[PDB]
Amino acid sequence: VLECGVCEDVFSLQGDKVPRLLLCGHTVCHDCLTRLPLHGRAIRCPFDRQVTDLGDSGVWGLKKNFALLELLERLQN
């Protein structure tokens, strides 16, 4: 298991705690991303302040961290 650096809860394989990617390369859980400040469809990485621009799907358009999800599944299974 691995924890989200913002909420310190463990990532889930899908749903409200799924790991999503910012353009700086950091992962944050979906829920924390919906709770971060938004300014004109732009979100700042909480760790390095770098900007990721959001599209029409918002946080749901941020890509899942596929390799992390594969590792978490392999560790679980």
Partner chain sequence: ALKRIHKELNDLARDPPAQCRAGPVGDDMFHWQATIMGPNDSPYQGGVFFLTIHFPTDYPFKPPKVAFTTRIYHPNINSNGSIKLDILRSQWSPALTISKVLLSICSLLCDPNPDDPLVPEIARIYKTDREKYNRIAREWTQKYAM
The other form holds:
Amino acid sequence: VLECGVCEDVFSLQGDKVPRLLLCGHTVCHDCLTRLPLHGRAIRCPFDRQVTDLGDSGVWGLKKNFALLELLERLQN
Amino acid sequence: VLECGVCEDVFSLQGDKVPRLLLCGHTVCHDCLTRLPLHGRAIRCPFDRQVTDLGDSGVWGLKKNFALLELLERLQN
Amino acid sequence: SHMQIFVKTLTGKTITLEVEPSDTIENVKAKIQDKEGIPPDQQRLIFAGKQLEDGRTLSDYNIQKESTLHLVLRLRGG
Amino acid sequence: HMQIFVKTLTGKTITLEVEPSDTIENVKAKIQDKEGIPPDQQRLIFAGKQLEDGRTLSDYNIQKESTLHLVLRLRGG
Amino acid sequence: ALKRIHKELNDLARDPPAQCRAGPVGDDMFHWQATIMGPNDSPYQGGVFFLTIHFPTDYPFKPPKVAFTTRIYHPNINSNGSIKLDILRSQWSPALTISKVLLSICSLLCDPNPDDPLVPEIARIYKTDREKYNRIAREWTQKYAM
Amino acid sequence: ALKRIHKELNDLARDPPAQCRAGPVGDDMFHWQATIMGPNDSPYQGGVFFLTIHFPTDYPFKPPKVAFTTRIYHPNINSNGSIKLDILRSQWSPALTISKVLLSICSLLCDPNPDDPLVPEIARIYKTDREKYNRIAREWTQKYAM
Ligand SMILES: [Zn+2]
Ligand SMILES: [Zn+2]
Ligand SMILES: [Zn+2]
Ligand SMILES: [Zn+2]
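For comparison with the form deposited without the partner chain, would you give the structure of this protein in the form solved in complex with the partner chain?
Full assembly next; the chain just shown is listed first.
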């Protein structure tokens, strides 16, 4: 399994711990993303401080890491 | 291990088969990405036809799926 | 009332969906978007060799538990 | 040609193929390639001291299988 | 190219969709024969239609050439078996497999596009007189596909 | 918060960096003591400096409060042990761990910022007469940190 680089909890296949992507290419769990400080309507990646702009959907507008999810689900079986 | 959804070869940790990301959140191997039709500095995702615009770096400008790479390297060891 | 169906996505992997007979085809496509990230406007769902139209529901097509739908890309005859 | 170690932000340890003549900026370029953090955001530590760009691995007497520590750029105020 | 063609073959042998079958005729991996079952509750019900598939050298990045060998009555399919379908031309996706293409073609069998037709006459029948269209399609199915 | 604090602790016990150590004093998980070794080839060489760490309730999304308990001679560190460092205020990153913060603080020991100083006098000494700065820093290290 793989854990989130912030909370170091395990990624879940859906819900509050689902792995979502930032524009820099790094992955963070949904919940940590909701708890990051909001710079106007943008958040900073914790690993490189690069900015990802959020839309009206906020953190839900960030895309899930589908490949990582497929591999994790494969590991589950 | 995990394979590319186009060529169905296994992803490599670097080189021609490194997993790169599109703005839609899907991952494709570098080599397959270089072979996609380029319509004015843009490519279409094979899974949803959504457009990713390419910069001066071309396909190399697409971000690697760092989380997937970390998990794959973990499985390799 | 509450059932599970299967969907064969573009990559060939089979996903399981939590649905109801009342669910419309567009709601099913919304679930497909949530799991696979493909916009509904790009989804074409097939059951028994026939396209599933948005307006109708799973009941209208008598889709029952553990049935398998097939996902292809939107197309146009010309 | 030697191998060194770098402890990244997430705590994972990576191995780098380097030479004594290599500058710190080149090392940071390899870090960017593997981990996706811009060099301007990287701060490399060896023996508790910041490694300045201009100098080389030889200048800091960095030897094979030594470990550098990656932190984020910082500023005293 | 060949690796993916082999993958699609393995998938078609292990777990094909109930509607279609495909495989290389003879020793040629780039020339396949396909079989489609006419969907139920349709004028093609009970029919079995064959097709030829030709893979380009740089498949899956270029679409395959798919054509009907069995005569079929359809607005978007002509007497020579050519299929005017956008996923075979400019809407092709490298992620589409032969299985997906055949399912697509069935869904087209029961959902034609008369507005932009390959065979204008058949489209005229389809729009003006549907009963006659279904009759002729059923007859063609019986004669040519059974 | 508590889960990550435990993770950082497990890592610090199993394989800490050679320069620093940290752990909760007593039973309180949110109050730690830290130890930094003065870097070699520096006025702080051979010194051992202690610090207090206080974790906010929503750590790691808010930075920890870090302060020197050992007296140290530095432009950006005052007599009360307060550290003016941007990663402790508005340049904090939730991915930074206590270990990373302590290493960061060492690198700051040998790379001060006299232009924007917390202790103006020490900064003046640093800019005008570096030899004197190194002498006094070495004296403070010997007296207070050995
Ligand atoms: Zn997290
Ligand atoms: Zn990032
Ligand atoms: Zn996509
Ligand atoms: Zn590929």
